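**Q** Model the full structure from these sequences, guided by the hints.
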Amino acid sequence: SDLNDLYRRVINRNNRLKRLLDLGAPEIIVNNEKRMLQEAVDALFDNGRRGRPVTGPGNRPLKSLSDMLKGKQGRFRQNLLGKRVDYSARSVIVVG
Amino acid sequence: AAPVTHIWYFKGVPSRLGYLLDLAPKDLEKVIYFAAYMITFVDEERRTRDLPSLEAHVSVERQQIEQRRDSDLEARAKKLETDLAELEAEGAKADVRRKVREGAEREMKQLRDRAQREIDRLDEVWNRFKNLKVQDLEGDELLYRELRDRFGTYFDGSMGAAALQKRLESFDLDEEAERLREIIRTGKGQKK
Amino acid sequence: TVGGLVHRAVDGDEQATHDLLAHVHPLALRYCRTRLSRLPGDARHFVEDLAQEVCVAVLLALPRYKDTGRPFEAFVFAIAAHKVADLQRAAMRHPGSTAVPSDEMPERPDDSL
DNA sequence: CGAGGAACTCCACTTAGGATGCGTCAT
DNA sequence: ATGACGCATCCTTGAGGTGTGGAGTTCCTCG
Numbered sequence: 338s339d340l341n342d343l344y345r346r347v348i349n350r351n352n353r354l355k356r357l358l359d360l361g362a363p364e365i366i367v368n369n370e371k372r373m374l375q376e377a378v379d380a381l382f383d384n385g386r387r388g389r390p391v392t393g394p395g396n397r398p399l400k401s402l403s404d405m406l407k408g409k410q411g412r413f414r415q416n417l418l419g420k421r422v423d424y425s426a427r428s429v430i431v432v433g
Numbered sequence: 098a099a100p101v102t103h104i105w106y107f108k109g110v111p112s113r114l115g116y117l118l119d120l121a122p123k124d125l126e127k128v129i130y131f132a133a134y135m136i137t138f139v140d141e142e143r144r145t146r147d148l149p150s151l152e153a154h155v156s157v158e159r160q161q162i163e164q165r166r167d168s169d170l171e172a173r174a175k176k177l178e179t180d181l182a183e184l185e186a187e188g189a190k191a192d193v194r195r196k197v198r199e200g201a202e203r204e205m206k207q208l209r210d211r212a213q214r215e216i217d218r219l220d221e222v223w224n225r226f227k228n229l230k231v232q233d234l235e236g237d238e239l240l241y242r243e244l245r246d247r248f249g250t251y252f253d254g255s256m257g258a259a260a261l262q263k264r265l266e267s268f269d270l271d272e273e274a275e276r277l278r279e280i281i282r283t284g285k286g287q288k289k
Numbered sequence: 012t013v014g015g016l017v018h019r020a021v022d023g024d025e026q027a028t029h030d031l032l033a034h035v036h037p038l039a040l041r042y043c044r045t046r047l048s049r050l051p052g053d054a055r056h057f058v059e060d061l062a063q064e065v066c067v068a069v070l071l072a073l074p075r076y077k078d079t080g081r082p083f084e085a086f087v088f089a090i091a092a093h094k095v096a097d098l099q100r101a102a103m104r105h106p107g108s109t110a111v112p113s114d115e116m117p118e119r120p121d122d123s124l
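Protein chains in written order, with the entry's author numbering: chain A, 338 to 433; chain B, 98 to 289; chain C, 12 to 124.
Everything hinted at is true.
Cut-off 30 Å, straight-line C-alpha distance, at most; resulting in silico cross-link-like pairs (BS3-like, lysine-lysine):
#1 190(B) <-> 206(B)
#2 400(A) <-> 123(B)
#3 407(A) <-> 108(B)
#4 289(B) <-> 108(B)
#5 407(A) <-> 123(B)
Simulated from the structure, these hints should not be mistaken for lab results.
**A** Here it is as structure tokens:
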């Protein structure tokens, strides 16, 4: 899942920045890493709201936590009102 | 470790852009997305208490600057008279005097231009120091360096998401709530 | 110039290393932008994460940077290519990790009857 | 504070996977 | 042999893609 990848990358940036600041590197690189962490979290919570959305293998954008809820294909208008049911057949109609 | 800001509330829909502090979204995206510093803290009471001493020290150091520039000016004068004398003694060509005077005048105007520039940035230090107010943005950085070295150990100013946390750690609500209510019934149009 | 700047950076001066890394920063991003943008794998925007990481490598090379007059640009290109290769061996080795959303929810059966 | 007016945010939404840096630590 | 380690090769630069339509609104720059 894409959220897996987003969490993976933000954790990567967190680890990199924490290890960099563990020793006290010069402030320019530290600030750049901090802003990259901010941007990574921004993309995580809503990939498409700010900036170019982060993609994955293809050119298609990934999906954030605020895209799996809203929209027609989210949760509300896709999974709670109508839930596909058992004991539910279908076939062709003929007049008798 | 590096603090971060939620995206829905800050930078999100304009209707709920924060507004706990009266700032534009542009201001928020300079302060948080790393363009310019802000002033997170101010000690105006101690500043006013010491204003006798602060102005006394400013006068002392500006007099020191002025006498340093006067020493530089007399150094310029001795250089100018020395080159005048030696090139008049030489007399190699009819254009050495005019060219050396052109160069000397270029040097003179450069010297006075940078003296004017340093007194002018000291005037910017003046106005920024008397208007030392929180929720203000400083685009340049070297001027901020000068300000914090000269006015050391008085206030706090920086970047950082937690820098806003400290702001929210200090900002009250009721007093300005009353103030904006007063401007709500004593005011004009879109101010309300 | 940059040579003297890196010299006094390795000397131990904080501002010298500050300016050195500031100058290295954008060039590192731009080189990784031109190199990693076409590599197989979802790395087109991870070029930042290994760009300033080269500066991290610079940080672990500066204290013992016994310079022989060589420019730092060949160095930076070297670590950039090496970290690109590190990504290559991290991804292309057992590259089963595919971020497919369109064939994961319908294609996965449920064990619970 | 009163103008144009142009961004920003909502809503209508249907297959197999392009490598290295080279050397080697360790299993 | 892989996925790990420990560095660390003197001339330097993307890539394409981006063809509605609807009104809401709110800031933001100019009277």
